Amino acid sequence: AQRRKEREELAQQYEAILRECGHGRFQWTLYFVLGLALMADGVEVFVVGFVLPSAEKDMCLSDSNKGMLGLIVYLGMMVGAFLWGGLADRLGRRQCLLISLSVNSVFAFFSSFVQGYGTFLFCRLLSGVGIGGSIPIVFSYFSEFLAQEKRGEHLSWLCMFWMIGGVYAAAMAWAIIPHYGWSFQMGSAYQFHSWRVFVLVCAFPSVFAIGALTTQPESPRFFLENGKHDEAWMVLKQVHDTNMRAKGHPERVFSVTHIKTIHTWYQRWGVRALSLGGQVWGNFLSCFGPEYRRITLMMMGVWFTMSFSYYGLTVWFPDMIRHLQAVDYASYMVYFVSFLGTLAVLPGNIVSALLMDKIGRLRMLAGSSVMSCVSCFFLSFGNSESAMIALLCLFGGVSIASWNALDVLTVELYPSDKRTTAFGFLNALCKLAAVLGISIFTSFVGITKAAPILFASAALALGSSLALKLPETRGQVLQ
């Protein structure tokens, strides 16, 4: 009773304070700073897929090992998403993002030099664990600096760094891997081929992300929700002063005076760990309370269905391209095709960012899901590699709008004291669906071209149906 009233008052006052601060230099600097973390998350998905064909002959892989290297990144991202999303509600957004990026960068650096298959798999697993928490923490962290006026557009513009990271990965694979002449020996005991240089170069975005992130302040909403008034006041005054100084009005004074707020060594560390686990578990369970159970279940359905369909069909596409190429042949390309498939997403990002607030999150989500379903139904008519590439571009362009709308909706539908926990849980569910869909859609190749299409169409139709029952979030303060 009392706590809900106090949190609603805090939300209203925080909206008023952010409207006083305005949107300007500070928020765009933070946008570009967190774009580096999103870009690292984008690159991680492509690294192993690009390097596997060259690693198979250096580490002597069986096919099952290649598949397990295919699935390790998603497993690690699931675990890391849940872990870091849960922790970010207790330790803070900035600190947990720093720890996540540090783990990711360290183990990505290690994976470039380790020799055996098992150690490389372990290093990639831990790199995925590290970077798994980037999207839940980044989106909430950035949202906690945004007023409601253009919140949807500002959050939608954040999704374009993932595409930029995909482009970076494709370009660097194009530029580095083919050049086998770059290979050398790191001592006479070990040879060091170019794909390891590619693996190393894919770690730079996260290092730059750490460097840029160290300069930014912690989210003031976290401090206010944790009873730390003075720190939140200093952070908000920094925001206001930066915005006004950049706008040519340094004479303005931050008028806020008081903000509502809510309130042996190894043995001590054990107590700390148990208490942190208890609090994270409490947040996770409260995500399923009577106030949010329906929202949580509908979001689980939407996330799982669309992730499963998208990842399964995006793995199915290259397999069909290979099959048609082989059928024709029996009578740079990989990187270039990946680059085209990545650039096919840009129009979707632009349109979704420009229409998110004009037509709302629900219409975006449902219409994009419907278009994805019909573009899936179209895939039965493919007849050539160029046709399959074109349909892949169509599907990828139409689904990224669904993804952006889902991200914004997930940000807006949960309270600040559970936002990262819920986002991490749903993203781990997304990665679990990715694993399951990749496996199932891999099982179908060569046997039929109808079953995976029917699966994806049904899943996307179910997701579109669920997208219409979620509530509107425009015109509401950031709860």
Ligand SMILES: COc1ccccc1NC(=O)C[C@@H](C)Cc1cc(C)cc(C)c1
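For clarity, a rigid core is taken as the largest C-alpha set superposing within 1.5 Å between two forms. Positions refer to the first chain, counted from 1. First, how it differs from the form deposited with the ligand bound.
- After superposition on the rigid core, the single residue among 107, 304, 120, 395 whose C-alpha moves by 2 Å or more between the two forms is 395.
- A movement of the C-alpha atom of residue 292 falling short of 2 angstroms is seen between the two forms when the two forms are aligned on their rigid core.
- Once both forms are fitted on their rigid core, the CA atom of residue 326 lies 2 Å or more apart between the two forms.
- After superposing the rigid core, the C-alpha of residue 245 moves by less than 2 Å between the two forms.
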The other form holds:
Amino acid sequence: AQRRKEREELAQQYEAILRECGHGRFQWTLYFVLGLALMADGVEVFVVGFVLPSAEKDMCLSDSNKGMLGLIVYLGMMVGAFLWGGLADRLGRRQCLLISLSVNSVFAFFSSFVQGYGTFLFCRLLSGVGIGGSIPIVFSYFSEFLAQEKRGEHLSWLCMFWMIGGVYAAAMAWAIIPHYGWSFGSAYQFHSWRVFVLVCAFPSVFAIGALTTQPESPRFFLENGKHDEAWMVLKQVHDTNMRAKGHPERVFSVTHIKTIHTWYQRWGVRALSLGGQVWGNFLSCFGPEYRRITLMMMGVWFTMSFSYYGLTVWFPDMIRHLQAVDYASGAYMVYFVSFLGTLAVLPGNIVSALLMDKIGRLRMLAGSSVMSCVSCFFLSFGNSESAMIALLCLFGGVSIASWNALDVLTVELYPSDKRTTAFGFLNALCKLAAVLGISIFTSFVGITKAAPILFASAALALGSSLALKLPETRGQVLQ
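Got the form solved without the ligand; any chance of the form deposited with the ligand bound too?
Excluded here are partners and other molecules; the one chain stands alone.
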């Protein structure tokens, strides 16, 4: 009872202080810094989705060792998302993001020098574990600096870096290793998979370097009884914004902010305390206040991720089938399709950013889910490569807005002390949905076109039906 009152006062005062600080240079600099980490995450997603499965053909492997790489790295990403999301509520957003990016970079670097398939599997699994935690931490970290007036608009532009990371991975795959033999022979002669792996690790290193310059989230400090650090961070934000805008004479007027109050044996007891706190935070999401919201968010996230990652493997096989049919009358195609998808998402991002705070998160999510279902059903009517590409671009452009709205809802539906835990759980569920979608839609290669399309459309329809029951968060202070 007392704690809820104190946290409500803290949220109100934090929104007032964010309004006093304003929006400007600091927020955009942090936006680029966190976009670097999102770009690294997109690079890893593309590498798991397209590079490794094609490389498995070159690396002669048994029938048992066909799906192995992608499956196990996605499982590592699923584990890491939950782990780092849980730890971010206890150690801090910046600290856990730095640790996860360091793990990802170190093991991506190590994977280049391996001389075995199993060692490469191990290194890439650990790299996936490191990279899994980026999205929840990045989104919560950036949201805790945005006022309620335009938080949704500024959060909607974060996925462009994920798209750019996918495009960068596709371009580097096409350039460094086009139709080459992935063997553990390459001799690191530039056109090598080792060189490709080394180049793919640059965004993570740059993200670490940039993130070392940014301050920890002051909301985390306030929620954990660190008044002075949060005050210093807020003063830094205010001074940066006012100096950038040409008003260095303005003085930060905030005085006091509401605050909430052998070696291996010690490490063990501290780690047990951390684990207990993380488990308690996870179990709190299924309490009487948040259980229904958690279940509905789980359903919507699972359906959207399942449909998207099913289509990501269904579409290239359909393109290959159409090309074969035309002929009977690789990497560059994937890169071109990724570039076109990144271009087509941009109008959807513009519309979502401009309408999120104007019409609300619920209407955006519902309309975009309905349009995504309609476009997924429309995908079945294409009968040529160009028509299929245009329909997929339309589907992506209409569907990205639902993802943006769901990110905003996930940020705003949970309290600050458990936001990253809930987001990490939902992102791990999304990774599981991606695994299931890829595995199931791979079995559909030999059957027909219509059935996978109908399956994905039904999943999107279920997600749209579930989206209607979520509560609206527009106009509220950040919990």
